Amino acid sequence: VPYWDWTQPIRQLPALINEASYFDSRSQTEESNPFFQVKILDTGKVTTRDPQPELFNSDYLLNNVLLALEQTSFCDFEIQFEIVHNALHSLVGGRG
Amino acid sequence: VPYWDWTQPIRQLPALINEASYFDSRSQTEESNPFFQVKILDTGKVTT
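As you go down the protein sequences, you meet chains G and J in turn. For what it's worth, the authors' numbering labels the leading residue of the first sequence as 1346, then goes sequentially. For what it's worth, the authors' numbering labels the leading residue of the second sequence as 1346, then goes sequentially.
To be clear, the hints were calculated from the coordinates, so they are not data collected in a lab. Keep in mind that a hint or two might mislead.
To be verified - Here are the simulated DSS-like pairs of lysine-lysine, each with C-alpha atoms no more than 30 Å apart in a straight line:
| no. | chain 1 | residue 1 | chain 2 | residue 2 |
| --- | --- | --- | --- | --- |
| 1 | G | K1390 | J | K1390 |
| 2 | G | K1390 | J | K1384 |
| 3 | J | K1390 | G | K1384 |
Said to hold, decoys possible - Over the 12 Å line for every Cβ pair with chain G, so calculated as not near, a few chain J residues:
| no. | residue |
| --- | --- |
| 4 | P1347 |
| 5 | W1351 |
| 6 | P1354 |
Even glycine gets a Cβ: it sits at the ideal position worked out from N, Cα and C.
Isolated chain G (complex conformation):
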């Protein structure tokens, strides 16, 4: 499994996850990349992304993670860890 870095400012969504559809040479054919969406089992609906217009060209994530990393103990670190974890989650979740 790879990891998507966000410490460096993001110019746009990463290629692997925003590219419309792939073209496989095994069938020499196009097919839609699953990374957009997936049908949630027996629910009648599918997921949906929604980018936020302030996810780009900011050092907010960088400085926040630095001031979370500065700490020494562990319990204090945990709370800022969770905060920044849910941060970009909520940012990219959108109205969906």
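With chain G held as given, fit chain J onto it using these hints.
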């Protein structure tokens, strides 16, 4: 019906079509953008 001016030197696809998701307040709900693609009738095939 509108028209798309491709005579303009383009940078990205227009936002009317490329994005496959829009949120409308009529039902305060999200819905996939139909302009993304439409399946061909009674063949189980989706364009791209």
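Against the structure, the hints:
no., hint, result
1, G:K1390 / J:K1390, "holds (19 Å)"
2, G:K1390 / J:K1384, "holds (17 Å)"
3, J:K1390 / G:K1384, "holds (17 Å)"
4, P1347, "holds (22 Å)"
5, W1351, "holds (18 Å)"
6, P1354, "holds (20 Å)"
Violation of the numbered hints given earlier is absent; every hint is satisfied by the structure.
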